[PDB]
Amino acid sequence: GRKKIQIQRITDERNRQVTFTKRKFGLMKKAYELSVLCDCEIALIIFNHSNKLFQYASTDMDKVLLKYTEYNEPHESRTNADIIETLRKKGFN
């Protein structure tokens, strides 16, 4: 963008809202591209800072959530901590 920003909470409410709208779309777009390219079924659930709900599902949210409940095998599970750990360990590329 016009300037480099640090990843930390945006304190200006107006800025936070504009950024949320733009970046939410960008995330759904990336989910869309991954689902099509790699034949993935994806659900994304977002609650904003006011706990308003925003959702996306490649095809069918109920289908994915149900598959999730039925899953009975160990699987990759990531949190923000894990992402940050990947970034600490990973090269600059």
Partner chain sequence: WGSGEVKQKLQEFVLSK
Contents of the next structure:
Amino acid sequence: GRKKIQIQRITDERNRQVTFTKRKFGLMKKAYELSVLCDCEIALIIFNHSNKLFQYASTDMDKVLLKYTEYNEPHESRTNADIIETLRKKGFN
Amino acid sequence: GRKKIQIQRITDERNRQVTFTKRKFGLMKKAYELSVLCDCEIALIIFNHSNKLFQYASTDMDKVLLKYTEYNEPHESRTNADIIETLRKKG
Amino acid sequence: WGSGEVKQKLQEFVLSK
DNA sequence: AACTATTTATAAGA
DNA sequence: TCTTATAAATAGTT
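Rather than the form solved without its partner chain that you just supplied, could I have the structure of the form solved in complex with its partner chain?
Full complex below, order starting with the chain above.
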């Protein structure tokens, strides 16, 4: 972008909204690309700062959610804390 | 990247797996960033080519899924086909 | 994804549509 | 398992 | 809403 930012809460309401719309599209585009390149099925659920709902699924949201409920093994599960841990361990790359 | 690639299925098995691991992390990193910048809560559910499950939630998947079941209002819902259409429009 | 109430509620929600 | 040149995403402008 | 200058992610090679 025109200037480097740090990852922290945006307090300006207008900027928050603009950033949300742009980065939401960017996230769905990366999901699309991963789904096609690697033959994945993907769902994404987003609640904004007022808990309005936005969703994406590569093909069919209901199919992905029901497969989730049918899965009965341990699997990779991450949160923001895991992402931060990976960033702390990774190189400047 | 060193070259532009077409968005189509990778048939080389090694390359598919390398690409999957790298881009899965990239997608989760962008989700972390959006969650902090814009004060939102996000979940991701991924089934790979082998039908193995990978998940991410900014804080708690249980809470996101329960809230999802309560939401009644019309809302944005997009699929790959919609993304492809937007990219046509963008040119 | 496992035996519990959250799993049950999500399944019911999807199927009722 | 690391490196880097380049393509892609996006922060601030129009 | 689109463009533009700049930062971030990643494809190919190692």
